[PDB]
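Peer 1: Each chain is listed here by its residues.
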Amino acid sequence: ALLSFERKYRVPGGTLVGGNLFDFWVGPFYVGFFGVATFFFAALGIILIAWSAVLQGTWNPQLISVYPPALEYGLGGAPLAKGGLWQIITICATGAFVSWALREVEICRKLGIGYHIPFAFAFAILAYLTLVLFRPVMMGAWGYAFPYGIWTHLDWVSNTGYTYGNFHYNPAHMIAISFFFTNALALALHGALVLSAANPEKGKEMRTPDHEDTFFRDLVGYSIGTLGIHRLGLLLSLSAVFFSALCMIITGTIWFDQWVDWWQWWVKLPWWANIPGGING
Amino acid sequence: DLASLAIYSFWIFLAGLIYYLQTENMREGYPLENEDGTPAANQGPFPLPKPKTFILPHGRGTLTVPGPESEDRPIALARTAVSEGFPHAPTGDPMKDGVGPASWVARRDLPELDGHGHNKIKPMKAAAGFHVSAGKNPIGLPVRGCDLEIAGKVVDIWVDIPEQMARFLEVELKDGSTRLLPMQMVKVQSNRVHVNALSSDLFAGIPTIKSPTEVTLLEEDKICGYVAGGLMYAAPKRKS
Amino acid sequence: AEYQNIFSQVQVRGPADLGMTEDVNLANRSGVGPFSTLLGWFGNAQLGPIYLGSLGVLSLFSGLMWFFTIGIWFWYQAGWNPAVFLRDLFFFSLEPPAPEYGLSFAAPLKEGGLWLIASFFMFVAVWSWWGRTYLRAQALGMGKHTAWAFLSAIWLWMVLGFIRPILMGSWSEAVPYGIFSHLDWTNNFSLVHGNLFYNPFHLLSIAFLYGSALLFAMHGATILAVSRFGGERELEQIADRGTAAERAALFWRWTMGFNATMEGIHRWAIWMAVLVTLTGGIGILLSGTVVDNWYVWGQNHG
Ligand code: BCL
Ligand code: BCL
Ligand code: BCL
Ligand code: BCL
Ligand SMILES: CC[C@H]1c2cc3[nH]c4c(c3C)C(=O)[C@H](C(=O)OC)c4c3nc(cc4[nH]c(cc(n2)[C@@H]1C)c(C(C)=O)c4C)[C@@H](C)[C@@H]3CCC(=O)OC/C=C(\C)CCC[C@H](C)CCC[C@H](C)CCCC(C)C
Ligand SMILES: CC[C@H]1c2cc3[nH]c4c(c3C)C(=O)[C@H](C(=O)OC)c4c3nc(cc4[nH]c(cc(n2)[C@@H]1C)c(C(C)=O)c4C)[C@@H](C)[C@@H]3CCC(=O)OC/C=C(\C)CCC[C@H](C)CCC[C@H](C)CCCC(C)C
Ligand SMILES: COC(C)(C)C(=O)C/C=C(\C)CC/C=C(\C)CC/C=C(\C)CCCC/C(C)=C/CCC(C)CC/C=C(\C)CCC=C(C)C
Ligand SMILES: CCCCCCCCCCCC[N+](C)(C)[O-]
Ligand SMILES: CCCCCCCCCCCC[N+](C)(C)[O-]
Ligand SMILES: CCCCCCCCCCCC[N+](C)(C)[O-]
Ligand SMILES: CCCCCCCCCCCC[N+](C)(C)[O-]
Ligand SMILES: [Fe+3]
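Note that the protein sequences, when read in sequence, are chains F, R and A. So full-length UniProt numbering is basically just the index in the first sequence, starting at one, shifted up by 1. So full-length UniProt numbering is basically just the index in the second sequence, starting at one, shifted up by 10. So full-length UniProt numbering is basically just the index in the third sequence, starting at one, shifted up by 1.
This is chain F alone, in the form it adopts within the complex:
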């Protein structure tokens, strides 16, 4: 049940709510007040999805889809079978994510570590809430949110993108993609760098972080450093998500036409707007 080095860390303390009441583990898992809250929200959410499955007449995981209220409901509540369950499941999901973050905070407090992880997780939650809460509220209807189904949610992504032409033209979306691509690039480089140092050529001694800086400096003329690269991966991945959230909060609210046309502001700047030649003259 415990890692060989684990017992010395399993002391009492760090809970945010309830004192010692829920201060215990179930096998490897910590509980805490927020483990209990997350169990509650997750269990209720899963049960309501199961109910939804039976009301839609399927147990097939690839057919189960829970849809938000149709546009006609606006932001009111809808009958259970016509979007109401989606509304409650959404509340359960949000409760479960936030509880999960708060349980992480409890774990940080017990271990005496910084809060970087739940703070990072909070960006994923904010992206979720942008899609199911902030965007729909701004646009005036729950029906603008995505359905909960493995395949149907891809239908939504696709229908929503093409509502604005080729969605590649959304400038916040370009920034978001660039962070996602750069992030994967930095992840590959980081995993490779460390491994190449811990796993040198056959029979050689382990390399040092100095060999790491050296290899990067040799290669591109710059090394970010071992603290830098972890700051960098955190920043690339949170920026990717921040710009993802941004690119959707603006779509259907401040900008709702074909995204390609937005770029005409640049083309029409009066100092070059009318010069003949080029693609746009």
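Be careful, since some hints might not be right.
Computed from the model, here is a short list of chain F residues facing chain A with C-beta under 7 angstroms [unchecked claim]:
| id | residue |
| --- | --- |
| 1 | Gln63 |
| 2 | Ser66 |
| 3 | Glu73 |
| 4 | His117 |
| 5 | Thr215 |
The following label-pair restraints were derived from C-beta to C-beta distances [what the hints assert, rightly or not]:
| id | chain 1 | residue 1 | chain 2 | residue 2 | range |
| --- | --- | --- | --- | --- | --- |
| 6 | F | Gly222 | A | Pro83 | 23 to 33 angstroms |
| 7 | A | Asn294 | R | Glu94 | 51 to 61 angstroms |
| 8 | R | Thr48 | F | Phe40 | 25 to 35 angstroms |
| 9 | R | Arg89 | A | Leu39 | 52 to 62 angstroms |
| 10 | F | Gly222 | R | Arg70 | 25 to 35 angstroms |
| 11 | A | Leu87 | F | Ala123 | 51 to 61 angstroms |
| 12 | F | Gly204 | A | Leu27 | 21 to 31 angstroms |
| 13 | A | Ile207 | F | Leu56 | 24 to 34 angstroms |
| 14 | R | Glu94 | A | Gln139 | 46 to 56 angstroms |
| 15 | F | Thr153 | A | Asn294 | 19 to 29 angstroms |
In silico PhoX-like links for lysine-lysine, alpha-carbon gap of 25 angstroms or less [to be verified]:
| id | chain 1 | residue 1 | chain 2 | residue 2 |
| --- | --- | --- | --- | --- |
| 16 | A | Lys145 | R | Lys62 |
| 17 | A | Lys111 | F | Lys205 |
| 18 | R | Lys249 | R | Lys184 |
It is worth saying that the hints were derived from the structure and are not from the lab. The C-beta atom is built at its ideal place from N, Cα and C for all residues, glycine as well.
Based on these hints, arrange chains R and A with the ligands on the given structure of chain F.
Peer 2: Relative to chain F, chains R and A with the ligands alone:
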């Protein structure tokens, strides 16, 4: 068709890869133990990988993992319940005993070495050509604890030499001796350094280093462990 | 508040770090560049030295030539007017030969010839850069993980510009060099293959791209959370587990019921990332050569 073949093969490759990744990540901490330090009955469905050996750089030997796991230090905790899964209460002072968030590991009692075999971390005064480059220089600032009392004064920065980074502040106490504070656990301000994790009276208890111009890995673990544990265990005295 | 270790409070600078020698030819290293206080708030302040050497020269040279060939086409398309150049910069495109030219090198300069030239320069820039990746590690006695991982990105790029056009029988199938034009190509590619959300290798590719952000957020955060115990000195933590590595592992064990080691997390990392362009390259390569329409293929699952 070839695409069904490809995706079929891929799923098999992926299961194999996850299996490889999970077992690689069992090279430390296993076998799983009961709370009393004996081997747990349930080890999970992944077996231990065949051992690998790292060759350490400066005659420092090798590390072979997985290998026999052992804390190599007394652990001053006791059960608070008659069944598995509950906390273990410190039997003494958890800060002095190095348990809970104040824990340290029995790392080697030698300093980390750089690529050239020199001590990686040195007091700035002993590090030729090193100086404060940017930011507020903390040297000479009074050091304040979470009880808003002055615990000492900064007399140096301990720098990572190959990585050109500040790793600790050396702080001189009322009695003239010094302690290291992790850079990550201090806030440098215009007129002081502030240390949230410790009240002034806990500074004497920071583990000391046996030689004044180097720190061992074991020493850094005791220091960093002890300061982080103040967040939970000073907390009575800390006043925000 | 508690300090967060996202930016440094105090920067410290020592003598210029010339690096490890091992089997490196020191004659091919430049001097140090200028120290950047700006970059020093987040990572290292030191710039350089860089290793150049013959292969790097060749790489830099053809990389530049690739970029200038596109550039000169952009100026041409701009009618050599600087104002039109800045205005329509995202709109210009250096386009591959028409389908009728097949794989021949017979198309006029202005009609795919220049695209062929630029692509040749690109091809030598990247492959010579790959060799470099491999030899810079070799000269330091390091493993070749960087070269292998870079090969995965190269796989997708090669599929896009070279292997798939060749299997299709024309250069017209390759990607054009242009900001907006390459986006139109991408949208187009999906439309014409019956919607790339039905290509399971594309779906996997997306899972790994998201998974890379997930994992680097987890790992970057975890290491910063334990940087108060020296957590980011990962090599020495691999060699001699410290309380940093133990607290990092136990955060995740207590949260999700399992955990990594300081070495092993880097294996999850390199693979999560590499799998992005590995599965992607396969998904793209199968499109049009083996599968015309993914929707249709999914209906049969084959
Ligand atoms: C993956 C499927 C499509 C594709 C789909 C998309 C989509 C969708 C988007 C991009 C975006 C980008 N793509 Mg594309 N892209 C493809 C293949 C490529 C290739 C290639 C050699 O194969 C290249 C060089 C690019 C280049 C680029 C960059 C312009 C931009 C940011 C990428 C990034 O962060 O990289 C990794 C990051 C680094 C920091 C390393 C490299 C540094 C620089 C920035 C690389 C770009 C150099 C560029 C050629 C120079 C621009 C010239 C100026 C106009 C003067 N793409 C294939 C064909 N790409 C985004 C964008 O903003 O488009 C406008 C975007 O939204
Ligand atoms: C035809 C479709 C359109 C298009 C339309 C859209 C639309 C529409 C959207 C995007 C969005 C995104 N697109 Mg686009 N996009 C297109 C082409 C592309 C291309 C490409 C190479 O061509 C790329 C790289 C991208 C890239 C992206 C990212 C910027 C962003 C998606 C990630 C994200 O938001 O994560 C954010 C992360 C989350 C939301 C995850 C949250 C997870 C929560 C907190 C936890 C889950 C717990 C779970 C239930 C666990 C339980 C089970 C187990 C225990 C594990 N698009 C085409 C042109 N794109 C999306 C976006 O920006 O959203 C904000 C979006 O809505
Ligand atoms: C982010 C932008 C768009 C979006 C665009 C896309 C696109 C495009 C694709 C996916 C794909 C996936 N998306 Mg989606 N998706 C969105 C919002 C979500 C949310 C959410 C709560 O907000 C969730 C949980 C998912 C979940 C999923 C997985 C079913 C699948 C793989 C993701 C992955 O590996 O991520 C990285 C995370 C990890 C590697 C950790 C593992 C997480 C696991 C796999 C999540 C399981 C969720 C479970 C089946 C549903 C909840 C179960 C409950 C217990 C009932 N999406 C928003 C609307 N998503 C891919 C796919 O194959 O779809 C069929 C795909 O191509
Ligand atoms: C309308 C568009 C279609 C679609 C069409 C395509 C097409 C077409 C492709 C993708 C591809 C991808 N798409 Mg899709 N995609 C759609 C919807 C989405 C959505 C979404 C939320 O809706 C998401 C998240 C994605 C996500 C993804 C990625 C997982 C994947 C690209 C991996 C990568 O890193 O490439 C970026 C990395 C590279 C291109 C490798 C670069 C390597 C070379 C060596 C770099 C050279 C650098 C050069 C010399 C310049 C140097 C500059 C200086 C040095 C600075 N797609 C819709 C359905 N997508 C790609 C893929 O693999 O698909 C299977 C692809 O070809
Ligand atoms: C912000 C940067 C990125 C990020 C970071 C991040 N994610 C995180 C964390 C961090 C730092 C954690 O600490 C936390 C974790 O524990 O990871 C192991 C987490 C996590 N990220 C997760 C998933 C996830 N993250 C994603 C994305 C991202 N996470 C970003 C790209 C995605 C994508 C891209 O699609 C997914 C699928 C989980 C593995 C884990 C959070 C687990 C959790 O919240 O558990 C409590 C809740 C449950 C166990 C189940 C609740 C069930 C619901 C009540 C019902 C289902 C509702 C749902 C809306 C259905 C959707 C159906 C789909 C088919 C669409
Ligand atoms: C495995 C998945 C990911 C991945 C991995 C990866 N990429 C890699 C590597 C790895 C492991 C390397 O080792 C290699 C590297 O060296 O990284 C530092 C690389 C690399 N990935 C690169 C780019 C890149 N990778 C991408 C993607 C990805 N790479 C995936 C997400 C993308 C995307 C997403 O589109 C791009 C654009 C390069 C930084 C580097 C490979 C360099 C190379 O081949 O260079 C040839 C040399 C030249 C082209 C010199 C040319 C000079 C310029 C063209 C002119 C300047 C242009 C500039 C915009 C204007 C300003 C300059 C003026 C002064 C002229
Ligand atoms: C300021 O002005 C000057 C002139 C100074 C400039 O220099 C400006 C120049 C520019 C404005 C340059 C701008 C360039 C771009 C906008 C570039 C953008 C490029 C892309 C988005 C590229 C995307 C994808 C490219 C891909 C996938 C290429 C693949 C190529 C290959 C795999 C290579 C295949 C090789 C071939 C076909 C040749 C084969 C022949 C043999 C003999 C082997
Ligand atoms: C002695 C002067 C040498 C000048 C070389 C200029 C360095 C720039 C090369 C970095 C290119 C890296 N890439 C190819 C990753 O961009
Ligand atoms: C997307 C891949 C997620 C990885 C899931 C692998 C779960 C591994 C469980 C390991 C159990 C080890 N324990 C916990 C027995 O030590
Ligand atoms: C090395 C990391 C392992 C993590 C694997 C995550 C896989 C998610 C499943 C995506 C589903 C794709 N398909 C083709 C089933 O739709
Ligand atoms: C893609 C979803 C993956 C979920 C994997 C969940 C892993 C948790 C395993 C915890 C270990 C269990 N026990 C009880 C064997 O320790
Ligand atoms: Fe790391």
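Peer 1: Now look at each hint and say whether the structure bears it out.
Peer 2: Checked hints:
{"no.": "1", "hint": "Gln63", "in the structure": "violated, 12 angstroms"}
{"no.": "2", "hint": "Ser66", "in the structure": "violated, 15 angstroms"}
{"no.": "3", "hint": "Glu73", "in the structure": "violated, 28 angstroms"}
{"no.": "4", "hint": "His117", "in the structure": "holds, 4 angstroms"}
{"no.": "5", "hint": "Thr215", "in the structure": "holds, 4 angstroms"}
{"no.": "6", "hint": "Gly222/F <-> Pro83/A: 23 to 33 angstroms", "in the structure": "holds, 30 angstroms"}
{"no.": "7", "hint": "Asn294/A <-> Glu94/R: 51 to 61 angstroms", "in the structure": "holds, 57 angstroms"}
{"no.": "8", "hint": "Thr48/R <-> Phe40/F: 25 to 35 angstroms", "in the structure": "holds, 30 angstroms"}
{"no.": "9", "hint": "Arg89/R <-> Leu39/A: 52 to 62 angstroms", "in the structure": "holds, 54 angstroms"}
{"no.": "10", "hint": "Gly222/F <-> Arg70/R: 25 to 35 angstroms", "in the structure": "holds, 32 angstroms"}
{"no.": "11", "hint": "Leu87/A <-> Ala123/F: 51 to 61 angstroms", "in the structure": "violated, 40 angstroms"}
{"no.": "12", "hint": "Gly204/F <-> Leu27/A: 21 to 31 angstroms", "in the structure": "holds, 24 angstroms"}
{"no.": "13", "hint": "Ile207/A <-> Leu56/F: 24 to 34 angstroms", "in the structure": "holds, 30 angstroms"}
{"no.": "14", "hint": "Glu94/R <-> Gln139/A: 46 to 56 angstroms", "in the structure": "holds, 51 angstroms"}
{"no.": "15", "hint": "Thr153/F <-> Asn294/A: 19 to 29 angstroms", "in the structure": "holds, 21 angstroms"}
{"no.": "16", "hint": "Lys145/A <-> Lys62/R", "in the structure": "holds, 18 angstroms"}
{"no.": "17", "hint": "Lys111/A <-> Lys205/F", "in the structure": "violated, 54 angstroms"}
{"no.": "18", "hint": "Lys249/R <-> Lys184/R", "in the structure": "holds, 22 angstroms"}
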